[PDB]
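Visitor: With the hints as your guide, set chains B, C, D and E with the ligand onto chain A.
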Amino acid sequence: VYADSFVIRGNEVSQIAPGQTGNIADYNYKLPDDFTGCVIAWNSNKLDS
Amino acid sequence: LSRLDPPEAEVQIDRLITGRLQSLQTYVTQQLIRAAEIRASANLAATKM
Amino acid sequence: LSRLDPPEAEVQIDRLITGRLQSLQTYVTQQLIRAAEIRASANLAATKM
Amino acid sequence: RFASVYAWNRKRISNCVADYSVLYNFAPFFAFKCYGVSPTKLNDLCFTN
Amino acid sequence: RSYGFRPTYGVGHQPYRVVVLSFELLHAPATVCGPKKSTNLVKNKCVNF
Ligand SMILES: *[C@@H]1O[C@H](CO)[C@@H](O)[C@H](O)[C@H]1NC(C)=O
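Residue numbers (PDB author numbering), protein chains in the order written: chain A, 395 to 443; chain B, 981 to 1029; chain C, 981 to 1029; chain D, 346 to 394; chain E, 493 to 541.
Next up, chain A with everything else stripped away, as it sits in the complex:
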């Protein structure tokens, strides 16, 4: 199992998905087109801003 973790903006959360492109899915973190796994995202405004 491989676990990756980072912090992004709420706008770009939809860009962490296979076949997606954008500002964050092009130059920062790109998922493979045949991904087999899970993605978890939660709000952290009270401790990261």
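FYI, nobody ran anything at the bench for these hints, they're computed from the structure.
Mixed in with the good hints there might be a few duds.
Pairs of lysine to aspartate or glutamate, EDC-like flavour, derived with a Cα cap of 20 Å [claimed, not checked]:
#  : chain 1 : residue 1 : chain 2 : residue 2
1  : D       : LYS386    : D       : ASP364
2  : D       : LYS386    : B       : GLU988
3  : A       : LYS424    : B       : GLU988
4  : A       : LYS424    : A       : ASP442
5  : C       : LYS1028   : C       : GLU1017
6  : D       : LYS386    : A       : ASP420
7  : B       : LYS1028   : B       : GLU1017
8  : D       : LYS378    : B       : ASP985
9  : A       : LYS424    : E       : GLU516
10 : D       : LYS378    : A       : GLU406
11 : D       : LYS378    : B       : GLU988
12 : D       : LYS386    : B       : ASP985
13 : D       : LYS386    : A       : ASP427
14 : D       : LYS378    : D       : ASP389
15 : D       : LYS386    : B       : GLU990
16 : D       : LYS386    : A       : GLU406
17 : D       : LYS378    : D       : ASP364
18 : A       : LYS424    : A       : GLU406
19 : A       : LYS424    : B       : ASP985
Guide: Chains B, C, D and E with the ligand in isolation, oriented as in the chain A frame:
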């Protein structure tokens, strides 16, 4: 392909591949009957000769 | 069945059932023509006898 | 100010180069749901109005 | 470039924390497994393995 992301492109073109294969199978199915119809007449012509 | 829940299992296996039925139908369709081809020769052999 | 529902306004956009990645910074929306076209390739198409 | 995470921003601009879990379901010696208990091994009889 130019208007839909591959996640949905592989669903859209999957509805064309099956239809075109169904279109293609009927052609050979009818040719396989026309061939036997022609073969009967060819055998009759050979006997007459 | 072991990796996908029933709501999507009945969608995944529904794409295999139709394909296997289509695969099975062509077999009998071609056998129904080979049988007639054989029957013609059987009739000819009976006449020759 | 935004117009009321019973008197919704319509604005025509034409004769300009449209970049759809800039409107992400213009409003704090989250979904951006599209029906007839994937939002990924909206920048690769030419419309008439 | 750097973010500007502040409490003033609303939803869609607030920071989000993301964790991605990646598996791979192939035929190879497995190390990580779920919490299930093994049983004894029976042979030469029709069983569910
Ligand atoms: C909206 O317009 C106002 C006035 O022109 C400006 O102060 C503000 O920065 C603009 N906001 C965005 C997100 O463009």
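Visitor: Evaluate each hint against the coordinates.
Guide: Going down the list of hints, with the structure as the test:
1. D/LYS386 x D/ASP364: holds (11 Å)
2. D/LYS386 x B/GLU988: holds (13 Å)
3. A/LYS424 x B/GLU988: holds (19 Å)
4. A/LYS424 x A/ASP442: violated (24 Å)
5. C/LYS1028 x C/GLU1017: holds (17 Å)
6. D/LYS386 x A/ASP420: The given pair, whose Cα atoms are some 14 Å apart, holds under the 20 Å limit.
7. B/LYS1028 x B/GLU1017: OK: B/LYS1028 and B/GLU1017 at ~17 Å, within 20 Å.
8. D/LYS378 x B/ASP985: Answer holds: D/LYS378 to B/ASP985 is near 14 Å, not above 20 Å.
9. A/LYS424 x E/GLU516: holds (18 Å)
10. D/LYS378 x A/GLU406: holds (14 Å)
11. D/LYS378 x B/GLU988: holds (15 Å)
12. D/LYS386 x B/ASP985: Holds. D/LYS386 to B/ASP985 sits at ~8 Å (cutoff 20 Å).
13. D/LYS386 x A/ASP427: Since the Cα atoms of D/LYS386 and A/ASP427 sit roughly 16 Å apart, the hinted pair holds (cutoff 20 Å).
14. D/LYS378 x D/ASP389: Distance ~18 Å between D/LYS378 and D/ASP389 Cα, so the pair holds.
15. D/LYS386 x B/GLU990: holds (16 Å)
16. D/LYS386 x A/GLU406: holds (16 Å)
17. D/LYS378 x D/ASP364: holds (17 Å)
18. A/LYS424 x A/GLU406: holds (12 Å)
19. A/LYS424 x B/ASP985: Given that 20 Å is the threshold and the Cα spacing comes to 15 Å, the pair holds.
Hint check: a violation occurs at hint 4 only; the rest are consistent with the structure.
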